Amino acid sequence: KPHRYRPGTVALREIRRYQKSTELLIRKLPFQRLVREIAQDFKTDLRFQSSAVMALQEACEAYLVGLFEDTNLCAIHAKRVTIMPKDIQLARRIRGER
Amino acid sequence: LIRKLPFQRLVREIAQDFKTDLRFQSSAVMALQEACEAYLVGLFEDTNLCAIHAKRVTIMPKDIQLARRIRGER
Amino acid sequence: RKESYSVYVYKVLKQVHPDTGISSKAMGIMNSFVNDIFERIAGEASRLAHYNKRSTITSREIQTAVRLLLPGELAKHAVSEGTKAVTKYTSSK
Amino acid sequence: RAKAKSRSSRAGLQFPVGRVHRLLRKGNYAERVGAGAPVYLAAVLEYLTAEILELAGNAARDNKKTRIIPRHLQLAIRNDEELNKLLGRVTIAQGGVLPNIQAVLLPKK
Amino acid sequence: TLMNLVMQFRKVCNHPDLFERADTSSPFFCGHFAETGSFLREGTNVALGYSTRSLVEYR
Amino acid sequence: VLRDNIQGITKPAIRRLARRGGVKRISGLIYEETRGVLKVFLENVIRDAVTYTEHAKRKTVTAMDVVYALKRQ
Amino acid sequence: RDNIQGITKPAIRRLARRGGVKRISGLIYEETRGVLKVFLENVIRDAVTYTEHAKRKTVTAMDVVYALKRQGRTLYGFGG
DNA sequence: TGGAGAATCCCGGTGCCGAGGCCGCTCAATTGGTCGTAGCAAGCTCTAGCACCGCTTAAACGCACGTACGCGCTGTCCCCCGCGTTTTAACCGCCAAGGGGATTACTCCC
DNA sequence: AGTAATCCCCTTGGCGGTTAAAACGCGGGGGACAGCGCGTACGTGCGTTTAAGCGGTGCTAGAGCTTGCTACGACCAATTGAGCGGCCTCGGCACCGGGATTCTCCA
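Chains as they are written, first to last, in the deposited numbering: chain Q, 37 to 134; chain M, 61 to 134; chain P, 30 to 122; chain O, 11 to 119; chain G, 1256 to 1314; chain N, 21 to 93; chain R, 23 to 102.
Hints may be right or wrong, so weigh each one.
Unchecked claim - Partial selection, computed: residues in chain Q whose CB lies under 8 Å from chain R: (1) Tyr41; (2) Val46; (3) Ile51; (4) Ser87; (5) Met90; (6) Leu92; (7) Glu94; (8) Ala114; (9) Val117.
As the list claims (entries may be wrong) - Heads up, simulated DSSO-like pairs for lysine-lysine below, C-alpha to C-alpha not over 30 Å straight-line: (10) N:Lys59 with N:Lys77; (11) Q:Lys56 with O:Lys74; (12) P:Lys122 with O:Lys118; (13) N:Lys31 with P:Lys105; (14) M:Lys79 with P:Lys31; (15) R:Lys77 with Q:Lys79; (16) M:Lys115 with O:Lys118; (17) Q:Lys122 with M:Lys79; (18) O:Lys74 with P:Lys117; (19) Q:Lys37 with O:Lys118; (20) P:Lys122 with O:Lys74; (21) O:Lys13 with P:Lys43; (22) P:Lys117 with P:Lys105; (23) M:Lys115 with Q:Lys122; (24) O:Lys15 with P:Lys43; (25) P:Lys40 with R:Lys91; (26) O:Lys15 with Q:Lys115; (27) P:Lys105 with N:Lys44; (28) N:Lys77 with P:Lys105; (29) R:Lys77 with Q:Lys56; (30) P:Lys122 with P:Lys54; (31) P:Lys82 with N:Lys91; (32) P:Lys54 with R:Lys59; (33) O:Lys36 with R:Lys77; (34) O:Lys119 with M:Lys115; (35) N:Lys91 with R:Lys77; (36) Q:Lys56 with O:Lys119; (37) P:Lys122 with O:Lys119.
As the list claims (entries may be wrong) - Pulled a few chain M residues facing chain Q out of the computed Cβ check, cut under 7 Å: (38) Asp106; (39) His113; (40) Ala114.
These are calculated hints, taken from the structure and not from any lab test. Note that beta-carbon positions come from the ideal geometry of N, C-alpha and C, so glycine has one too.
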């Protein structure tokens, strides 16, 4: 019989890994193309500096990481361990984005 | 909504911690009160969502604390 | 010819921690920080002069700006450091 | 024509009173810029730079590092109550986050 | 305006396609059709309806 | 001298402010929590409103000093 | 094109781990993609507005930093 | 309580690339004098901020008491996690291109 | 003084591979969610009293405005060295491997 960590044990081992680290968590090339796509809707035949899409990635990831914290607190405010779309929707309405 | 005289006295009482024997123009107190009522009303809106989200119709201190924590007031 | 705070940040680093280095990316944070807080203070000092109907950004404008923009103990320590720097610039030239 | 000694040296500062005077003019913050206002500001910029780098040099030392990294700036800035209030809407590139797990998520007995 | 024209003359001295290139051509079409407003927003898959219609339009 | 005037925002006043925020029912521990909220707010407004008053070397706080303090929130 | 689907499920998981989240409903992933692009559509239109008003046909790191700073999310490290 | 084994740590070794110091020079900060003015100071005006009294009644409080609702408990089931398998596309390197912005030539026009 | 060729540079695009990260399958567990009972804690209504609100009287602090000038900053020309761009190197930090310690889970 194989050894098996219980459900939620490696979710904790992962929190202690992505916290306590600095790396960017979205793959670089996919983020560039999404940025170029969104740019086309505003002005075609733009160009981007490497440091411009980096600055824009860093700001996005920090926005999503900071958002998830607020939904984790919404989930945990209900009796839940599980975040759900209604937690994002609450967090953003309390923040005033929504 | 808040009674005016006990809000004046609350304003004076707070202000004395920063400078003794300040004076307040009558319009300055109303501008403070109207901002405080608008602030409390706007926070209770956000707590009511926190209660309703936790399936509770009754707001509770942890609903104030969740609202402020997400608004970044804490 | 660009301009940077790196030389002045190093000369503060070697005071507080004469043993300690700083990486270029971290020095980048220090430049952004000095730029951002210089601009935040100057912005309030501007508004304070404007509110008063005064043409002049004095040290009194920057004192009141510092007491608006900083938390209570950072405010007082900064006000102390600022008031002695001006006092030693006075009694010189 | 006497031997020049910098406004910083006369003020007793490492930060440049000359640049702070120029930039208060070039930015058009107001019509007139006092002689001492660049000194007061250059002193506060120097002071806050010492606060950051003191706490960050401690954090670098805690990590057994000789050299400050944006990680150590983030740790310092978020651990200190007043820096955290001064920078409570600032994102630091490659700072990461504070290690913080809600108590309810920790495993059962 | 010879500062323009001497080159524009010299261009046709060399070859008229430099001045305005010859291309696949047809008679003047005296009719309505729906023209494309944006090339960018058309995408890779598009339906070509038959829009060709007379401008003489008997009501 | 003045003391304890934060108990001047009565519990009915906190009811009115909560009902206008759409609240149906109010836990009895809200009433002291609301005061810890209102006071922490009203202090750091008045801190600036007075700072704008001792700058410009005056002694009445004006509505404009309040407005500049709120504008800093 | 839909490179929004290039923001993969593992990536949205990793971001939630750094946010300290233990358990994630499978409905979260499409909600998070909808939230991300609404963020980008605000920052890029401002970064474009700066390059447009400053009359350049390339987007620089400082265009983004001004865009972010004006949106309210001051970024240190890329100029700024 | 033990145990097995996986996962996290540590210790020393390797190397690479970026941090810290040196060098040349420019040009931006400083020295010296000028001149305008604004805001510092002294002085008058009267606004409006603070204090007190007396009356009115609506607003705040303490209490009775019912029932609506917060909370711990029980059961289920479904759906999200931990792990092995399959596969695809991110990453790297190297070459192309094109474009655009600064420069240089040559003529015509003034 | 204009307009076009020439040439630098730096950004976008394509090709190959390699492998590390994303997708897919499947068992089971345990966490989400509906259901139940109770009980205590909040909304309601009444009688009580408390002081907020209004109309009115009195005073002086100090906000606001004008006058007068001189101290302080704006402006310019000549001087110089503090600060930037370019080149170098060596030592700090990462990256690996291997054995040691820790933690987790079923027994």
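Against the earlier hints, flag every one the structure doesn't satisfy and list their numbers going up. Numbers 1, 2, 8, 12, 13, 14, 17, 18, 20, 26, 27, 29, 30, 35, 37, in rising order.
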